[PDB]
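Student: Read off the chains here:
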Amino acid sequence: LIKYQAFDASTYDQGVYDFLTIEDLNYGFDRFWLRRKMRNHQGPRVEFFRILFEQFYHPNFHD
Amino acid sequence: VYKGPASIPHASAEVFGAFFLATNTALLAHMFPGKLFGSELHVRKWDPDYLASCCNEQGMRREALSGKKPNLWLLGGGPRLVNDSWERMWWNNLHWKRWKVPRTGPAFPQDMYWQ
Amino acid sequence: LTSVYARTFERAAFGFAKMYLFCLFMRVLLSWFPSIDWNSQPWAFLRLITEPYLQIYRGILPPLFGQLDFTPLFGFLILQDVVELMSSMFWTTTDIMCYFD
Amino acid sequence: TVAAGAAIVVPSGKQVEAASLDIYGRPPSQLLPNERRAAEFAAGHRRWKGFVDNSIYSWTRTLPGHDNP
Amino acid sequence: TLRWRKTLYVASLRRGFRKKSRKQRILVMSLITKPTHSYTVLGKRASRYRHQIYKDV
Amino acid sequence: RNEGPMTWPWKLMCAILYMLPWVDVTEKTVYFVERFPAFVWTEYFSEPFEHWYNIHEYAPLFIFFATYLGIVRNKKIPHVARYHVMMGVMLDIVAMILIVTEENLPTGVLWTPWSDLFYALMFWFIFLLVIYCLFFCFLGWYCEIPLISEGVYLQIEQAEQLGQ
Ligand SMILES: CCCCCCCCCCCCCCCCCC(=O)OC[C@H](CO[C@@H]1O[C@H](CO)[C@H](O)[C@H](O)[C@H]1O)OC(=O)CCCCCCCCCCCCCCCCC
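As you go down the protein sequences, you meet chains A, B, C, D, E and F in turn.
What the first sequence shows, in the entry's author numbering, is residues 391 to 432, 467 to 487, in sequence order.
If you read the second sequence in the entry's author numbering, its first letter stands for residue 13, the second for the next number, and so on.
What the third sequence shows, in the entry's author numbering, is residues 74 to 160, 172 to 185, in sequence order.
If you read the fourth sequence in the entry's author numbering, its first letter stands for residue 27, the second for the next number, and so on.
What the fifth sequence shows, in the entry's author numbering, is residues 731 to 759, 801 to 828, in sequence order.
If you read the sixth sequence in the entry's author numbering, its first letter stands for residue 96, the second for the next number, and so on.
In isolation and in its complexed conformation, chain A is listed as follows:
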C-alpha cells in the first residue's frame, strides 16, 4: 500500500474511510495479512502442503 499513509490513527469523531475500509486498517486477519512483508526471511509441489500440515494445523483442512 506504498502510495498512501496506510494506517489509521484517528481521534474523537473524525474518522474518514474511502476505499481503505475500517476492517482493512484495524481489524483482524485483514489488517494482519496486509502487513505480511514484515515477516519475510529477507519444493513448491510437495513441501508446501507438508509444512502447512505440520506447522499450522487446523481440522477444517487437515482432519
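A portion of the hints provided could be inaccurate.
Unchecked claim - Computed Cβ-Cβ distance ranges for the label pairs, DEER-style:
{"no.": "1", "chain 1": "E", "residue 1": "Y739", "chain 2": "A", "residue 2": "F477", "range": "27 to 35 Å"}
{"no.": "2", "chain 1": "B", "residue 1": "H107", "chain 2": "A", "residue 2": "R429", "range": "42 to 50 Å"}
{"no.": "3", "chain 1": "F", "residue 1": "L107", "chain 2": "B", "residue 2": "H107", "range": "34 to 42 Å"}
{"no.": "4", "chain 1": "B", "residue 1": "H107", "chain 2": "E", "residue 2": "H822", "range": "48 to 56 Å"}
{"no.": "5", "chain 1": "C", "residue 1": "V155", "chain 2": "F", "residue 2": "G165", "range": "31 to 39 Å"}
{"no.": "6", "chain 1": "A", "residue 1": "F477", "chain 2": "E", "residue 2": "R748", "range": "27 to 35 Å"}
{"no.": "7", "chain 1": "A", "residue 1": "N484", "chain 2": "F", "residue 2": "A154", "range": "20 to 28 Å"}
{"no.": "8", "chain 1": "B", "residue 1": "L40", "chain 2": "C", "residue 2": "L152", "range": "52 to 60 Å"}
{"no.": "9", "chain 1": "B", "residue 1": "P60", "chain 2": "D", "residue 2": "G39", "range": "40 to 48 Å"}
{"no.": "10", "chain 1": "A", "residue 1": "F477", "chain 2": "E", "residue 2": "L802", "range": "40 to 48 Å"}
{"no.": "11", "chain 1": "C", "residue 1": "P135", "chain 2": "E", "residue 2": "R744", "range": "38 to 46 Å"}
Because the hints were derived from the structure by calculation, they are not lab data.
Even for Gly, the Cβ is constructed at its ideal location relative to N, Cα and C.
Guided by the hints, dock chains B, C, D, E and F with the ligand onto chain A, whose structure is given.
Tutor: Just chains B, C, D, E and F with the ligand, lined up with the frame of chain A:
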C-alpha cells in the same frame, strides 16, 4: 571510576527506574479500565466547564437576591467591539467552546480490542 | 528411512547451530561487563563450550585492543547462512515460498 | 534594534491625524479600535518608507551595474 | 472491482515486465488450438492457487 | 582533563547523534501509534534524519569511527559531552541488538499478534531512552542509565589512556 567534577549534577539510576516503570504502568492502566483493583485512572477531578457553570449559577443567584440584574461571566473572554461579523465579536468564548471534546478527552480508545 | 533421518539430522544441526549462536551472543554481551567472576559455575560452562572455538582464532585479530572480539559472530552468522545456501528477488508474481525458513 | 527600529517606526499625533483624515473621512478619537490601528500602521509605514528613501537610498545608488547571474 | 485493485497496488516493475510470452506444451505418452502453457505446477496459475490456499489456512 | 560544562554547539551535535537510534528503530512506530494516537508526531519527525543517515551504506560506520577516534579519546573536550556521545553510541548498539533479535524470531511466533507487541515494545523502549537522555543533554547534566552508564565511564577512562 572517575564520574565527573561533582559540581555538575548527576541524576541517579532510581530516577530513570521510576520513570521507566511509571510510563509503562500508566500506559497499561489507560488500556484496561475497570481492572485497577476494580477501578480506573483519571487525570482530573472536575470538568472546568462544570466548575464554571456552578460558579456562574451561584454568582447570578446571589446577584438576583441582592436586587440587581445578573451577569454571566464568559470563559475565554468578553466581546470585541467590531462591526463586521458576529463570529469576530464573540471570538474568545467561541474559541473556548469549540475546544470542548479534546479538552474532555481521552485521545486513546476507551475500550479494549484484541488484534 | 533416509529422508526422515536426513530431515531429522538437518533439524538437529540447525538447532545446535542456533544454540551456539546464542552462546556466542552471550559471550559478547557479557564481555561488556568487566567485574564478572568468570570462575563461578554458570560462567565456567559457557566459557567451556566456547573455549575451543575462540581458542581457534586468537591469532588472526592482532592484539590491537585486548577488550573484545565480535569476529565469531559474523563468522557463524555467515556460516549458518551458507548452510541455508550451500544445501531483491524478481518473480513473475508474488511467491509464497519465501515465507518459509 | 527594537528600540532603534521603534525610533524610526513610531509616529507622533500629527501623522496619526494625517493618516486618519485621508484614509477615513473622520478625525481621530471617533473610530473603532480596529480602524485606529490601520491609521497608526499607515503612519508608521510612511515613516519607514521615507527614512529608507532619504537616508539609506540617497547614497547607495551610484550605479555599479554588474553581477548578473 | 478491477478499478479498486488497480488503485491499491501496482507492480512497480524496475526490471522490465514480470509477464512474458507464453510457451505451448505438447503431450508425450475443435477449430481452435487451446493454450497448454499452464499445464505445469511451476507456472503463474499454480502460484496464484497456492497463494490463495496458504491465505485460507 | 577538561571539567567544564557543556555549551550549546556540543548540545546540538549530541542531539543529532541521539537521533541516530530513533532512525534505526523508526520502522516499528506504527505498532505503537495505532494504540496511542497522541504520539502520532513521532511518525513524521525523523524523515530527513533517515535520509541523511542513509546517503551511503558506509555512513554510520564512518560516524562511529569518527566520533570514537575524534571526540571520546580527545581529552581537551569537556567530559560530559564525551559522556553524551558515548551514550548515543551505546543506545545505537542496544537498538542493533534488538534488530538482531527480531530477525531471528521463529515462524510460529511471527504469525501471531505477539510479533506486534514485540514491535511496539522495541520502538517504545528506544524512544523512552532517547527522550530521557535528550532531556538531560539539553539541561547539561549527567544521566545514569542502569547497566549502561558504568560501561560508558569505563570506556571514557579507557579511551583516554588509549595512547600510552
Ligand atoms: C500563526 C502561524 C501558525 C503556526 C502554528 C505553529 C505551530 C507550532 C508548532 C511548533 C512545534 C513544532 C516544532 C517544529 C518541528 C520541527 C521539525 C518539523 O518541522 O517537523 C515537521 C514534521 C511534519 O513532517 C512533515 O509531515 C508531512 C506529512 O504530511 C510530510 O511527511 C512532510 O514530508 C514532513 O516534513 O512535524 C513534526 O514532526 C512535528 C513534531 C512536533 C512535536 C515535537 C515535540 C516537541 C514539542 C515541543 C516541546 C514543548 C516542550 C514544552 C515547552 C513549554 C513551552 C510551551
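Student: Using the C-beta atoms of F477(A) and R748(E), is the stated range 27 to 35 Å upheld?
Tutor: holds (30 Å)
Student: Mind checking the hinted window 27 to 35 Å against the Cβ distance between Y739(E) and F477(A)?
Tutor: holds (30 Å)
Student: Kindly confirm whether 20 to 28 Å is satisfied by the beta carbon distance between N484(A) and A154(F).
Tutor: violated (51 Å)
Student: Quick one: are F477(A) and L802(E) within 40 to 48 Å, going by C-beta?
Tutor: Given a distance of about 45 Å, which is inside 40 to 48 Å, the answer is holds.
Student: Is it true that the C-beta distance of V155(C) to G165(F) lies inside 31 to 39 Å, as the hint says?
Tutor: holds (37 Å)
Student: Taking the Cβ atom of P135(C) and the Cβ atom of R744(E), is their distance within the range 38 to 46 Å?
Tutor: holds (44 Å)
Student: If I claimed the Cβ atoms of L40(B) and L152(C) lie 52 to 60 Å apart, would that claim hold in this structure?
Tutor: The hinted range 52 to 60 Å is violated for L40(B) and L152(C), with Cβ atoms some 42 Å apart.
Student: State, for the Cβ atoms of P60(B) and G39(D), whether the hinted interval 40 to 48 Å holds or is violated.
Tutor: holds (44 Å)
Student: Could one say that the CB atoms of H107(B) and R429(A) fall in the range 42 to 50 Å?
Tutor: holds (48 Å)
Student: Is 48 to 56 Å respected by the C-beta to C-beta distance linking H107(B) and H822(E)?
Tutor: holds (54 Å)
Student: State, for the Cβ atoms of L107(F) and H107(B), whether the hinted interval 34 to 42 Å holds or is violated.
Tutor: Given range 34 to 42 Å: holds, Cβ gap about 36 Å.
Violated hints for the displayed structure, listed by number in ascending order: 7 and 8.
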